[PDB]
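Take a look at this one chain, the form deposited in one PDB entry, written out in structure tokens.
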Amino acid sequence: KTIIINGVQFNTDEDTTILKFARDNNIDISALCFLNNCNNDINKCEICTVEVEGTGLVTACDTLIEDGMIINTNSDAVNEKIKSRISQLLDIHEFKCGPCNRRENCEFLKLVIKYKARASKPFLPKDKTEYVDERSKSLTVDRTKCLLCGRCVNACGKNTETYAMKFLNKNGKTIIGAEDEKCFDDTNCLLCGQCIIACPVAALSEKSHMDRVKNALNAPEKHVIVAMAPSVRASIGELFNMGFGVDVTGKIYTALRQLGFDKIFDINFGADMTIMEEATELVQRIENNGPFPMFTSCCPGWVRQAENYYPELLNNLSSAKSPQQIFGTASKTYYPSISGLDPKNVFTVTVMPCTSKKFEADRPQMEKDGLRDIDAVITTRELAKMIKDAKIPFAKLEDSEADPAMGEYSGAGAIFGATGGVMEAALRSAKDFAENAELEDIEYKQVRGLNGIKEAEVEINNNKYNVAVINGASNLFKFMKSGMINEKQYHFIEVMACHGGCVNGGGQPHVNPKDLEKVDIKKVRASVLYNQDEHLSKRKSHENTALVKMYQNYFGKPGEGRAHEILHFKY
């Protein structure tokens, strides 16, 4: 093929779109509704318009290059069209960036600036009740910002295959929303937030827990614990212009102190707890030659997928609480026992890459004696915003350490944030428990990385066992619907709702589609976790010295008795 673009000749055998070809050859073409290799097929944004001689204006993002094409990306006709489309969007957009939670990284604002576009008639709604939906424990919709670009609908379809996010017709007006305009929680929605990550604007957001947290921090009698997820320390630096793949563990700890939190713990300690419990459960099932498979139960997106689509699997879930809830339960029981705090005054906050964690933390039965396991959950984004509002100079902060009693973690806990992390961590402990040894080969590289469905055969004490790692909620559906689950007896299966694992959660920093072209965000975020695992002296959960003291002195034997009554949960 011979293609001419902006007067430049290319000879190529590529079968691809004008947009992709252009960007591979450093020619600028704007795009808005194109993401995840699809665009909005029914009301195309046309922001990727280019001129093809002999044809006229075409959308670059979904038009294949053809021998003979002469393309202009920057003619007057092209810029007037794009500008016009942006102006029409401004007519349905409450353009007030000051207070807007996307002010610093909005794709639309950038386009508005780029083409110097203006509304024909400013949109200034007087009743946002109509436009805002805050019923969900995890997601919020603000339709005054919604461009009807369809990226959330497409992202939900590709990432989950639930299509819980849909276009809806509301008396002649098109909106997005859940089935029948219900609260998302009341539908098959997983509450994973992949739709938020796909949104170019402030139209979708996490349900804020920031007021919960600030009220608690300012309440004199509340002792506010905070603990962050594995993924936050690999991610939050992005939002302070530190670049990608930066380990900021120590800066976070210092930042949390400066925000006024009273105790700095770490959910990776909770991850080591989950393993203590679940690896023990796996050995029990192995000893009792059943029941199989056991599924992980740490990802609440997957738990909702099971509840909504495979309720017959709920009995197969490990009864170990997730790192978050297990940690939270311990923070109301063990931690008062070693600190003297009145348990009612402990307020336990997590920092999560995840929107679905807010739903999990607010589950009615996730409490004991009237005390919630977890009182508040803020996303990575929310924490970033709290830090910025407090004017903490995050990139400049010095490293500090977590408080050790519920803050130490092993390398096994550290890699939880990546797909295959839980599997690898659990196998490190299950192999030791079952064989009563302290094995040296602990790296299970076969369960790592971005393949959608990953499997491995593992030897545990003279028998072969089959494990699987399902990476993405859409891959759960594939694994089940294709009957892959029936090709062999599976013994232990990890499921994560977000492809890449939690490092790609719905609570994570947005990344500009351009940067996504440069960086594999899933791999670069995960790399921080695996690097920690490599450089930690303890790389097995049951080697965590703080955790071991906690079990010796308070919980007893994992997976039975007290530990089973307190730290487990069945759906």
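Positions refer to the first chain, counted from 1. Take the two forms, find the largest set of C-alpha atoms that superpose within 1.5 Å, and that set is the rigid core. First, how it differs from the form deposited in another entry.
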The other form holds:
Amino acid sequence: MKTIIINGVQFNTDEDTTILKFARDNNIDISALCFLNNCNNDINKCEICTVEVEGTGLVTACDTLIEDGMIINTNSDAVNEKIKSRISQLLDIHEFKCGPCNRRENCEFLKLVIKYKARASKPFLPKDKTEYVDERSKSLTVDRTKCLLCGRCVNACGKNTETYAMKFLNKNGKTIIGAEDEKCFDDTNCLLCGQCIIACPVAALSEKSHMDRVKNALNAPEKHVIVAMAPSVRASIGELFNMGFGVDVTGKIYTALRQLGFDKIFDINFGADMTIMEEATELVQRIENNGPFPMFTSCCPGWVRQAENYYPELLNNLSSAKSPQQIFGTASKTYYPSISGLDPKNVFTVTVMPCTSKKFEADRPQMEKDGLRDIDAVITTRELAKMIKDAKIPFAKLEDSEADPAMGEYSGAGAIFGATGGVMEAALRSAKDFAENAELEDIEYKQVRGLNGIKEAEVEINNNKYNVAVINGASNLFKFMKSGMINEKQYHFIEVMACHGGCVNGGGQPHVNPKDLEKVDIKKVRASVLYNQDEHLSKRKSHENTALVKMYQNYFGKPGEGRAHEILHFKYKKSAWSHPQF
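Now show me the form deposited in another entry, since the one above was the form deposited in one PDB entry.
The text that comes after this line covers the one chain and nothing more.
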């Protein structure tokens, strides 16, 4: 047994762990910065986690194991001086102007500067930020005047995607982070998943803003602005309004969106039910046609980019159904005018997404018809929160309201899209009913749920056994393919999400402090809201959505045929690179 003494207090433990972990486990305060995802910045350690081990000297707590008889002071004058000195050095390369900053309310660096009363040896005040800023991407932005070179983004990219699209670069003899060859991220193997943003302690990495698109549309007299939120937003955005984790704020969002002046309140969960209508039908068609198997989901634009960039031979195997976002958008410019009298060109469709890659998806040149974009703007969960706060809307105090039903109703199947395994489960509910011409009672596919990276199941459909898999995170797609798992059996239907946990852990989601991530399983807690909705909804199958059924009966016809097939689908092709202008 190890006996260790920390700030005078004796501890008896068998644990083999770091000083930082043990201290955090035992409510002892130790600061940290570059340590995240069980890695610190091995080159250029930040040393913010410095503690004193009597007899040894100053050590970095985040990668120093506890040892029997250690006497540790986390708070000696020597320790605080070192840490304060490290923060001072960072201030020397940091434009410290928190007033207008988009991380002002939850910046890890600001909190450290305050805690240690750090001051720059010389304030960093660049007169021209243009050379520090990269806004070329459809999804990501970089502001290097904020960058601490902590490496958290580089490490998070590697672990979450294994693309290493985010790199340390030598630019004119000075270190920066950025994409390969300092290119626009979009032009590299990057998935635009934004996991790098989520890992950033400061405002250096952000989403490409669509807030001006939205505000200009809202203010244009002739525009009719639709807004529709993704499943995950209602399980997440309350975090930014002091409501804590795992709170369902669906009704509040609807009210807030009306107060922001949006002209129609719909819901992307309605779009998810549409995706299932088409994709479940397509699965049943492929069963009839002996393929092409496997069918892959196509609702995650991070995964679509991964396939385009690494596995172009799989593109024809993707489901042709548009994603919940784009399929909704398509309907919003066609069906919705048909039931409203609106001039289609005056409809402006806005989504709220937990995702940065959705911005790239919405701006794909061919995601339009007759000159009308499926989706005109995509704002992240974070962007919506800022919009609500700017408008002085008292979010946490709002009464609940309802969505406009025509493209706002949703089933429990659509509701769970935000969790890894969600589209798989939702699809199977409809596909098995369709194939067996039945209304089955047993609809919960718990085998495809949860945080395991690769999840498989055998599903009986119309008295044959089919093999399905759920790939949970872009790194696990690479594992699945590179390890040859893909060739161990015939797979028939495979879900792929780029973000581990699914969209509840997307790149547009609220940041979470590393200390809170230690206490809260954010992927599980956000997803729980969605599964809870599913359990409590009367309709738990996409094809039982009454507003959806009306829409097909009155406008689209039958899924996978006719008008539905013509405009609610999208196929990806391998082709020579071009600027999107072409």
